[PDB]
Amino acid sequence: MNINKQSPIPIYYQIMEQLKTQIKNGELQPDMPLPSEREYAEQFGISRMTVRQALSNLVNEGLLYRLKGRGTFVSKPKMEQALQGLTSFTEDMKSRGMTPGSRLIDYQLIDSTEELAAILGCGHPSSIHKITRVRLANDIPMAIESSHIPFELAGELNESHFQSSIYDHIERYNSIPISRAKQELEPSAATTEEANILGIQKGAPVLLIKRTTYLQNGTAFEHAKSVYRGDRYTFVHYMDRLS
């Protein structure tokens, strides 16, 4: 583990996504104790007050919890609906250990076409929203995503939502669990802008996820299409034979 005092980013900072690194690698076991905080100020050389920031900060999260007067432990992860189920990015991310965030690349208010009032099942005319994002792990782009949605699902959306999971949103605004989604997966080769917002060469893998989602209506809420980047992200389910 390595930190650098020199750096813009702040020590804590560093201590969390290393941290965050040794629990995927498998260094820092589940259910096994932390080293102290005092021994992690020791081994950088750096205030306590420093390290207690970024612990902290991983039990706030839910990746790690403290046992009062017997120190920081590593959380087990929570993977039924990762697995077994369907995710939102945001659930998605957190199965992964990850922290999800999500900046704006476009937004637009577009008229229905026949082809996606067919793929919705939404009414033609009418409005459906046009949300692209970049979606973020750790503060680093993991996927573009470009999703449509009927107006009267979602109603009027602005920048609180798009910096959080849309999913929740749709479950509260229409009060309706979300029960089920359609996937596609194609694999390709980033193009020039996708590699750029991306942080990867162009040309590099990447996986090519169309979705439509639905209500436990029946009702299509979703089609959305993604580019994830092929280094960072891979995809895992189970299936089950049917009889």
Second form
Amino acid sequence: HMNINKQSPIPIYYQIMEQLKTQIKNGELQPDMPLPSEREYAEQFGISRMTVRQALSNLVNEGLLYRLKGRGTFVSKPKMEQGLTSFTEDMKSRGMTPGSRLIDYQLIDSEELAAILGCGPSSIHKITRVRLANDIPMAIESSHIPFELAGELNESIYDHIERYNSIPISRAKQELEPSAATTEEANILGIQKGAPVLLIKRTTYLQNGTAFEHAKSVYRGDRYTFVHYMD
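Output block for the form deposited with the DNA bound, input the form deposited without the DNA:
Shown below: the chain alone.
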């Protein structure tokens, strides 16, 4: 039971997206069942087929619908989410309360390797946090960021990056590698020395196709498994 206002400042395709999205969650529409036609939709609202099509085409492009030559447009088979996740979002996803304990900060310059994150010789933020879940330490996170891409700040946080620049967030590159806990890794995380940890190098790009952050993290092997989902 759908409603579209051509007069609204909110684009018509978006109105059609946002509402259908809920008609699916609410299961008012059922998977492996066709929707009204592109042409039928276009009439019911008194808009152009292509304007129907832009919303539908976006939803299919997001996996919520699918198409069959000569038959129609169909709703889909539900999904789960994790791409592009931070620790806080990774935890809320596992039903846990994310936490943060700052343990180190510095401003240091740069070897050639730090320059490899698309250096703009420059001054860098180096925040070393301890990541927690239900107040249990889960990981140690060393985050690397330039002043040529963030300047300075007093944080009290993802959006600052897209805010300080033209560009939004896009794609990310994670490198995982297994290790045994060093005595300081072990100490902080509260595990035995030599205990299995997971070393994650996450470098993150703008839609610029430019990276802003390179993060070396250490994750406890006992309480954390990396879950991933591709294609």
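Rigid core (definition): largest C-alpha set, two forms, superposition within 1.5 Å. Residue numbers count along the first chain shown, from 1.
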Review point. Which of the listed residues (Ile209, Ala204, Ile197, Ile176) moves its Cα by 2 Å or more between the two forms when the core is kept in place?
Key: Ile176
Check your understanding: Does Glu186 move its CA by 2 angstroms or more between the two forms when the core is aligned?
Key -> no
Check your understanding: With both forms fit on the core, has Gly71 moved 2 Å or more by CA between the two forms?
Key -> yes
Practice item. Look at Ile11 and decide if its Cα position differs by 2 Å or more between the two forms after superposing on the rigid core. Key: yes
